[PDB]
Amino acid sequence: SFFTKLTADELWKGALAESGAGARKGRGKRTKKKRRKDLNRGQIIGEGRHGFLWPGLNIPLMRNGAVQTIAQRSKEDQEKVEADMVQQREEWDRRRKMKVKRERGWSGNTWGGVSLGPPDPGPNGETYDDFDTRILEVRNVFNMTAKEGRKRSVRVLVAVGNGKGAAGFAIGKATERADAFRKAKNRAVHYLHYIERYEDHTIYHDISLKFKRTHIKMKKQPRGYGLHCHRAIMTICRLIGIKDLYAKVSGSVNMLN
Amino acid sequence: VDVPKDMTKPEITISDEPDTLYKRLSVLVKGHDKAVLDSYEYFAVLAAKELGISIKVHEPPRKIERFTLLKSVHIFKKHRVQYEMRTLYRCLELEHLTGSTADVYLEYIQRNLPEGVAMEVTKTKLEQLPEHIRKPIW
Amino acid sequence: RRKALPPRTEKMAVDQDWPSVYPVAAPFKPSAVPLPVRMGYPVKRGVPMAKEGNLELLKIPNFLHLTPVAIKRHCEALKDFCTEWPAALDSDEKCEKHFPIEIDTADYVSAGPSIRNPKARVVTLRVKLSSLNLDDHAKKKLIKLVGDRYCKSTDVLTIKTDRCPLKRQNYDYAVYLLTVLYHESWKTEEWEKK
Amino acid sequence: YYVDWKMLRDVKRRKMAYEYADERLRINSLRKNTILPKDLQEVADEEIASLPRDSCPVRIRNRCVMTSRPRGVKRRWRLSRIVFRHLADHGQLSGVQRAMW
Amino acid sequence: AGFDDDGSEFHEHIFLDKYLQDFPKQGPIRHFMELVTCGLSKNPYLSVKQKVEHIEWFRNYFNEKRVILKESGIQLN
Amino acid sequence: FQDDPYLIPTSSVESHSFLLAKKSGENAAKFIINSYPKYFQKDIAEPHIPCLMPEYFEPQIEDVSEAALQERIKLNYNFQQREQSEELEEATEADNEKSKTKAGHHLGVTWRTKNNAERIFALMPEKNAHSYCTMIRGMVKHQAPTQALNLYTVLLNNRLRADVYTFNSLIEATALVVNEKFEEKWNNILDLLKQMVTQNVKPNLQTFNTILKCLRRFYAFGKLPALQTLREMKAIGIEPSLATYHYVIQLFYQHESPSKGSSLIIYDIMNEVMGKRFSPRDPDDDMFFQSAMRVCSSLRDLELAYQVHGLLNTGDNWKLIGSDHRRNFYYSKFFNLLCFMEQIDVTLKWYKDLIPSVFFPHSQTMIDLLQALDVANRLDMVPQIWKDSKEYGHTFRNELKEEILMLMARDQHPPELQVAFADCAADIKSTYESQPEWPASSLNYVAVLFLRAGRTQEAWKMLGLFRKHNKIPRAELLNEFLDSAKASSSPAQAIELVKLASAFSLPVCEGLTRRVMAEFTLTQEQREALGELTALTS
Amino acid sequence: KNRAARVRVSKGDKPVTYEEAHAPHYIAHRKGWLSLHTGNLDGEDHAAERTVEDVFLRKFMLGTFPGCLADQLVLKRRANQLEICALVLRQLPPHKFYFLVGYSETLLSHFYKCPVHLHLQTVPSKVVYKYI
Amino acid sequence: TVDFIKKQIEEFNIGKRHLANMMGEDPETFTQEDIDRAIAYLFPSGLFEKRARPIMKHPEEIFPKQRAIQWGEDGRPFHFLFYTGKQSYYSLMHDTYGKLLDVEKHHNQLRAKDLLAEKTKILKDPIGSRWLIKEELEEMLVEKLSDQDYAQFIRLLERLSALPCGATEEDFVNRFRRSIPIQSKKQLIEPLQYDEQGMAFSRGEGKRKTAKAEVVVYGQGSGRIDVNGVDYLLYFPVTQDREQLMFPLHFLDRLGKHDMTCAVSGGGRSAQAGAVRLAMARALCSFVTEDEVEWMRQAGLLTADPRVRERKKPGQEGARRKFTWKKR
Amino acid sequence: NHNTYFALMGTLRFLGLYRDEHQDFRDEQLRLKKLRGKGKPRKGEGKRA
RNA sequence: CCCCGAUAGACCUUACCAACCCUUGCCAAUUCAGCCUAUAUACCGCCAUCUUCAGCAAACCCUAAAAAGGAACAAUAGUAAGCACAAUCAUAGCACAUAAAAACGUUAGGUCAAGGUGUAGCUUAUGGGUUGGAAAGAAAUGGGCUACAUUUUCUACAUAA
RNA sequence: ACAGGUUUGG
Ligand SMILES: [Mg+2]
Ligand SMILES: [Mg+2]
Ligand SMILES: [Mg+2]
Ligand SMILES: [Mg+2]
Ligand SMILES: [Mg+2]
Ligand SMILES: [Mg+2]
Ligand SMILES: [Mg+2]
Ligand SMILES: [Mg+2]
Ligand SMILES: [Mg+2]
Ligand SMILES: [Mg+2]
Ligand SMILES: [Mg+2]
Ligand SMILES: [Mg+2]
Ligand SMILES: [Mg+2]
Ligand SMILES: [Mg+2]
Ligand SMILES: [Mg+2]
Ligand SMILES: [Mg+2]
Ligand SMILES: [Mg+2]
Ligand SMILES: [Mg+2]
Ligand SMILES: [Mg+2]
Ligand SMILES: [Mg+2]
Ligand SMILES: [Mg+2]
Ligand SMILES: [Mg+2]
Ligand SMILES: [Mg+2]
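Protein chains in written order, with our numbering: chain A, 1 to 257; chain B, 1 to 138; chain C, 1 to 194; chain D, 1 to 101; chain E, 1 to 77; chain F, 1 to 538; chain G, 1 to 132; chain H, 1 to 328; chain I, 1 to 49.
To be clear, the hints were calculated from the coordinates, so they are not data collected in a lab.
We treat Cβ as the ideally placed atom computed from N, Cα and C, and that holds for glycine.
Hints may contain errors.
[What the hints assert, rightly or not] Stretch-level coverage of chain C by chain B, calculated; a stretch enters the list once three of its residues show a Cβ under 8 Å from a Cβ in chain B:
1. 29 to 38
2. 61 to 71
3. 89 to 101
4. 180 to 194
Construct the complete structure from the given sequences, taking the supplied hints into account.
This is how it looks when you write it as structure tokens:
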């Protein structure tokens with residue numbers, strides 16, 4: 001019965017079913033709860049169930065200048081050590097069952113308006129520590145492939161800006177959402193505009209622009225009319241540095257346009 | 001510079017019994033690969049030329065044992081996996097040996113045998129005649 | 001506290017004797033071998049892996065304890081155990097007229113805890129019939145007494161004994177067979193006259 | 001424990017055959033001859049029929065030692081055709097390699 | 001190495017006729033037991049002690065089952 | 001030791017601890033083998049090796065009182081209950097059963113010995129040969145020798161002769177007690193030695209080895225009967241073992257300090273015993289070389305140390321030293337003479353085969369190796385010894401770092417040896433300021449290593465790390481570095497030097513404020529000359 | 001598709017060893033055997049004993065040195081003495097490494113009635129051969 | 001990786017000295033044929049792939065050609081074609097075109113002065129010169145190459161070789177030339193041997209379909225064959241096998257002019273007939289001139305028959321015949 | 001003898017020398033199953049009680 | 001898929017059934033052992049098929065926006081590590097051929113019954129032992145052997161009877 | 001309206 005055993009790596013690979021044939025096309029996502037626990041985390045190689053104290057593993061080699069013989073813990077001492085060992089289990093499960101915190105940009109279950117952090121530094125060594133970026137839109141884009149069929153790829157729109165008038169936007173598309181986030185952060189700095197801000201709080205004049213199918217009407221406002229604009233235009237102007245603005249979007253409300 | 005002195009202390013006695021004689025001593029060393037057998041042949045011939053035994057070396061034909069097993073687990077018999085076990089042989093033929101010379105040769109030979117090879121020692125013991133055949137009449 | 005000690009390569013002398021570090025079969029520790037050897041299949045843009053952490057150099061049996069200098073130094077101290085072969089038997093023509101009895105003895109070796117090999121009990125006896133004191137009737141009876149154990153082309157009698165457990169027992173039994181086959185060939189019984 | 005209850009039964013069958021090996025040999029020596037009169041041979045047959053069932057060497061099954069598979073095992077390694085492959089593909093079996101010719 | 005077989009020789013293995021003295025010489029017991037002795041002589045796996053309880057098991061079985069050997073029509077001791 | 005560098009021992013305490021940990025795992029595995037024998041009863045090797053079979057601690061027969069003791073005597077506390085469980089049924093014990101039982105107490109094991117001694121005599125008339133071999137060897141360790149001289153009178157009265165092992169302990173039981181008198185206690189040993197031959201028992205090596213074991217503690221002038229007994233050892237025909245000469249060399253070391261005339265007797269005794277091959281047939285041969293080479297190490301004799309080493313490497317290079325303590329005390333004082341006496345080439349030749357191979361030295365040999373380089377002006381090997389002393393004397397670094405750098409102040413610094421004075425001075429400064437008392441003398445060395453090297457930049461940054469450590473050196477360092485600042489034409493350095501040096505009341509500040517005036521004129525810094533005068537006044 | 005002794009290729013970031021980067025059809029071509037004995041020869045016997053002993057050594061060492069074993073063991077069998085070559089990570093101190101080697105050197109000897117040798121080569125990390 | 005290779009060369013030199021020390025040869029005469037010979041003995045790895053064996057060479061054959069640094073400490077590139085991606089290949093093309101224009105202008109001036117001192121130095125057929133392959137050019141130019149640019153460079157080299165060649169142009173175009181092995185399939189003719197006062201004695205060896213045949217031929221006897229001690233008529237009762245014996249002899253008209261004794265083993269009747277046919281054909285080359293042995297090899301007597309029975313595949317019947325495949 | 005190997009390795013795991021990841025995984029899953037609430041019933045009360 | 005698990009069934013194998021017995025019941029211990037119980041539509045381990053098809057793909061870059069695409073050799077935005085293909089290796093000389101290999105994915109394809117397994121279920125029973133039986137063909141069908149002969153059959157035998 | 005969800009493999 002000893003030769004019938006396998007390694008914990010294959011045991012978890014067979015238990016969690018990460019490489020299952022059902023979670024490939026999309027039949028899964030029902031029970032999206034996958035957690036693998038390492039069993040050798042707090043397992044000292046010296047301790048055992050009998051409580052033997054070996055001079056080479058548990059206890060030091062030389063005590064009082066002499067050699068240590070094979071000793072065994074008492075029952076109450078072994079109950080104390082196993083009590084500490086059991087307490088470490090719930091100590092770790094508490095750190096596991098607790099979800100760390102996120103900041104909601106526009107609503108509790110969206111990615112628009114959330115903070116993504118400063119962009120990654122350049123190759124030459126330039127660091128963008130004053131730059132702050134925000135996600136404007138995340139969309140699961142699908143493509144029809146010959147073999148696999150539906151090929152889901154996340155497309156993300158991310159805008160960077162420092163608050164002094166320099167701001168830009170970019171689109172990053174990748175199979176993974178964090179990869180698209182990084183592809184958009186590191187690509188938004190290459191396309192940076194400079195927005196002339198009258199007195200660093202408003203725009204110089206009321207602009208009424210007509211894009212492809214989007215009508216934007218923005219009006220210059222005094223110091224008391226603070227950012228009464230679309231929920232994404234407010235974020236873009238908060239990245240630019242505009243503290244007072246009124247904007248009205250008519251026609252299509254496509255985020256990229 | 002720190003060389004020990006008087007390191008050789010052997011215990012060799014010469015018994016009055018007649019030393020045994022050997023006509024032909026064949027050593028057939030078998031292995032899986034050829035490189036270890038080649039280096040071992042080089043080592044054996046260099047160990048025999050020093051003791052002056054005039055060893056002869058040739059290579060017997062190899063033996064390949066192959067078999068066939070099923071490829072899948074439950075049911076797939078049209079697709080099989082064939083395994084192979086190669087066995088190469090090396091023959092070292094020694095002639096005109098004595099009882100202690102063959103012992104001192106097989107001592108330096110067998111103690112230094114590799115792990116993946118084995119050895120078949122065939123000794124041709126030399127004898128004149130037994131006692132009841134010299135000149136008996138029933 | 002972690003400690004990383006450099007190997008012996010930086011301390012290995014260029015004229016130091018090699019058999020001192022590899023006296024017997026060793027597992028080829030890369031720290032005690034000053035030769036940089038690259039073993040393994042290379043990468044299209046890479047090179048074969050170095051000796052450090054190389055399982056390929058650890059799978060193969062190393063002959064570092066059997067270099068020419070070490071084998072010469074070993075056999076120079078082994079020259080005291082062997083005896084000198086008498087030159088009076090340089091050719092087999094004198095060996096056949098002096099020692100006509102040949103005893104083929106088999107020996108095997110195998111890696112493992114057990115030593116008993118059932119092929120070790122086999123002892124072969126080869127005697128040339130042209131070297132005995134057989135008369136015409138003794139020879140013509142001994143040929144039909146042994147049968148196929150004696151060949152006519154080479155005229156050699158072969159005894160193949162495997163019944164005894166021990167090799168010395170099979171040897172003594174083969175010599176006993178030789179004695180009885182030489183003796184009973186001279187006894188003429190009553191059924192021979194017909 | 002063992003691999004399976006049937007392997008636990010097979011080791012017991014092999015122990016019983018190793019215990020009753022010599023008795024069955026001496027009894028078969030009385031049946032596999034024609035020199036003896038046929039009167040005692042039937043009594044020897046009843047004696048060999050009175051022996052325990054799990055004593056005959058015919059009840060032993062050469063199963064795998066690893067997974068106790070009753071079929072598809074090789075006699076040289078005492079391994080099933082699956083475990084033998086699982087150990088030969090990892091390079092853990094000396095001299096064994098894929099046949100290419 | 002390490003196996004001496006109780007220091008026995010070939011005349012303890014091949015020659016087993018000295019144990020057939022407690023048996024009928026002219027009956028079928030000799031025709032039958034000479035075969036088991038020819039087998040024990042060519043059995044290298046059994047010891048000179050182990051052959052003895054075999055021939056003694058036959059000596060005991062034949063001397064225990066006396067009624068069938070007398071009702072078989074042939075005389076045996 | 002394992003040949004891997006991660007497991008190779010660095011220091012001597014590590015060399016001891018690794019072996020002790022390995023033996024601890026060997027004995028831990030053997031404990032499992034003995035505690036669970038059924039998991040190893042299956043034998044696969046044909047030759048049937050007994051060394052790998054489990055050992056049993058249980059006796060076979062428990063009911064039979066005669067058969068229950070022969071098993072328990074060979075395997076302490078449980079053996080004590082065997083005699084009580086045998087005598088509970090009033091079982092008659094023979095003269096051969098209780099002798100081993102008394103030896104089982106005389107091997108392991110103050111009043112329980114009396115309670116056992118009454119049971120061997122009062123119960124049965126035991127043979128005195130099985131009496132003295134237990135009582136004499138047991139009461140010697142209990143610090144009660146009075147009973148041996150009482151038992152000896154009954155032994156001489158019972159018409160049985162005394163065996164050779166009895167006088168091996170009676171002379172100790174007589175000699176160890178001294179109350180203002182020595183001649184009578186020495187005379188009793190002569191009387192027993194004279195009666196030994198009358199008892200028709202030839203005294204073996206151990207009696208003449210123990211008389212010199214007794215002549216060592218009491219009198220330092222007792223060399224006359226010791227030499228006479230050593231001369232009587234050669235007349236009978238038995239060779240004296242190594243400990244016999246050791247007990248002579250120990251007293252000769254005790255008498256060699258006031259008079260060096262006795263050293264020639266220590267010198268001419270080893271020349272005749274080095275001429276043959278010995279073998280360790282005496283368990284007390286471990287102190288022999290410890291006493292025979294300490295005399296040469298004390299009297300500073302290397303020509304004889306070469307022969308006391310050749311006597312070690314003649315017959316058995318390892319079977320003469322049991323413990324590692326004496327080997328470590330051996331090679332340290334062996335290397336203590338090879339440094340300053342013979343030449344540097346042979347010292348460095350004997351350095352690489354003794355220090356990393358056999359054993360690592362103590363804190364004492366580090367000082368001799370340092371005294372070996374400064375007499376012969378050897379500077380190319382200072383870094384090679386320095387890098388080895390890191391892994392060898394890392395514990396004693398805080399007590400040898402004051403003496404390892406001092407040699408550079410006595411020799412000259414050639415223009416080619418600059419990187420060796422740089423790397424070794426950087427590797428000592430990179431470790432102490434990052435964690436360790438820092439001596440002040442090393443700055444006086446690092447200022448002269450960089451003087452002739454032409455590197456004032458790296459030489460100035462170091463002094464700012466010492467002056468901020470709340471400890472100030474002597475003004476000789478400042479006056480020496482002022483010459484480097486003068487040759488490099490850097491006036492802004494001495495203005496930051498003296499303004500922080502005069503504020504702490506140095507004794508040679510009057511010399512520093514004079515030495516700066518001469519550099520200000522050649523640098524043409526007369527404007528900044530009086531500037532610091534105003535600050536020294538204010 | 002063949003899946004025996006074959007590590008599937010991930011996105012290009014998994015570290016694999018030289019023994020794992022080669023398919024089983026490369027044994028004796030590009031890589032060798034992890035064990036060497038004589039039972040797998042032509043006219044030799046006692047092969048299954050060595051196979052079960054080898055698998056027991058593997059399953060024993062996997063538990064004896066947990067998480068610190070770099071790659072598979074090398075079991076050399078030469079003249080009644082069995083050598084075990086291991087590659088171990090420097091996660092355990094030598095004080096415990098020596099305890100473990102001294103414990104196994106005698107446990108395996110007393111369990112298999114034959115002399116065993118145990119040699120450890122410690123590496124800083126798992127050696128990467130292919131993409132990492 | 002400029003310093004790593006430099007350190008590997010020192011370590012390889014130290015390893016070479018140590019190898020010569022442990023092998024016992026003089027380290028001065030220690031060469032690569034002794035290095036690989038000592039490696040093959042000290043580390044006898046039995047593997048089928050030669051590149052998987054242990055090898056110790058100079059680092060310049062192990063490590064590939066590393067690209068040199070392309071810019072200084074200030075960032076300015078060294079070569080003037082660095083911003084072209086292939087600064088070595090485009091520089092080679094630029095030098096080739098610059099020499100083509102120099103040859104053109106020099107030949108125009110020479111034609112204007114009416115002088116012809118150049119010759120046709122492009123026909124290198126008896127030398128056996130060829131152009132560089134793409135791998136051979138990728139070894140010279142450290143950077144990678146493609147197919148179209150290599151064909152453009154070759155097409156420019158032939159344009160440069162089609163013009164009146166100069167002095168320094170021929171040594172530049174020669175360095176892109178490779179000399180091609182021997183293009184001769186002429187077999188080695190065994191000399192006539194004379195053994196035991198026997199004249200015109202030769203021997204041949206043949207093999208076809210697991211049949212080994214050795215044939216000795218005496219050119220002084222009459223026409224007859226002795227195989228395995230028995231004549232060919234009783235050894236080959238079939239007329240086809242004897243016609244295989246008549247095939248090589250009738251081609252040279254030496255029917256009643258040679259005696260032959262053969263020794264064939266293995267295979268069947270037609271395999272033995274073909275093996276002895278090939279052995280007799282290979283043994284008759286010594287008795288005949290060079291023009292007719294070539295007709296023998298062009299008629300199929302001196303070439304082997306590689307047609308060997310294929311191994312049966314698992315899941316099939318006869319290594320080609322598949323099982324009855326049922327569609328449903 | 002599979003029982004020898006199994007008992008030896010299990011006793012060594014209880015003594016603290018061998019680390020059996022398979023048995024540890026079994027004990028982890030059994031602990032989480034008993035904490036979920038579906039454990040092993042007592043012998044003598046499964047069918048009746 | 002159909003001489004397939006099985007390179008293999010009188011008891012055993014055998015997991016099936018009927019009669020009977022045992023329930024901390026292989027192991028050092030465990031309110032524990034053990035289950036060939038369900039789920040291959042949870043899996044690992046092993047395979048089938050496209051498939052001797054060549055594509056898959058991390059990091060980047062471009063597109064008057066980008067779902068996606070990325071090529072013109074007298075070249076118009078493409079560099080690309082890696083896995084495949086190829087090369088090499090094996091059938092002891094080359095070449096050919098065969099063998100081997102064949103990525104990412106499709107068929108929720110086959111396998112809880114090689115082995116372990118996540119989930120849900122048995123514990124005086126869906127668990128563990130002994131004895132005896134597991135037919136039979138109304139019929140259909142797949143794959144093979146033997147033939148239905150004269151280039152056949154029998155005999156001696158290499159093939160001229 | 002400062003807008004958001006919702007057509008589709010996308
Ligand atoms: Mg919410
Ligand atoms: Mg809308
Ligand atoms: Mg099971
Ligand atoms: Mg069967
Ligand atoms: Mg066919
Ligand atoms: Mg049944
Ligand atoms: Mg059945
Ligand atoms: Mg069931
Ligand atoms: Mg499926
Ligand atoms: Mg392609
Ligand atoms: Mg794209
Ligand atoms: Mg690519
Ligand atoms: Mg080839
Ligand atoms: Mg090809
Ligand atoms: Mg294929
Ligand atoms: Mg291919
Ligand atoms: Mg399905
Ligand atoms: Mg199904
Ligand atoms: Mg299951
Ligand atoms: Mg099922
Ligand atoms: Mg049918
Ligand atoms: Mg079929
Ligand atoms: Mg629609």
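Here is how each hint holds up against the structure:
1. 29 to 38: violated (count 0)
2. 61 to 71: Answer holds; 6 residues pass the 8 Å Cβ test.
3. 89 to 101: holds (count 8)
4. 180 to 194: holds (count 4)
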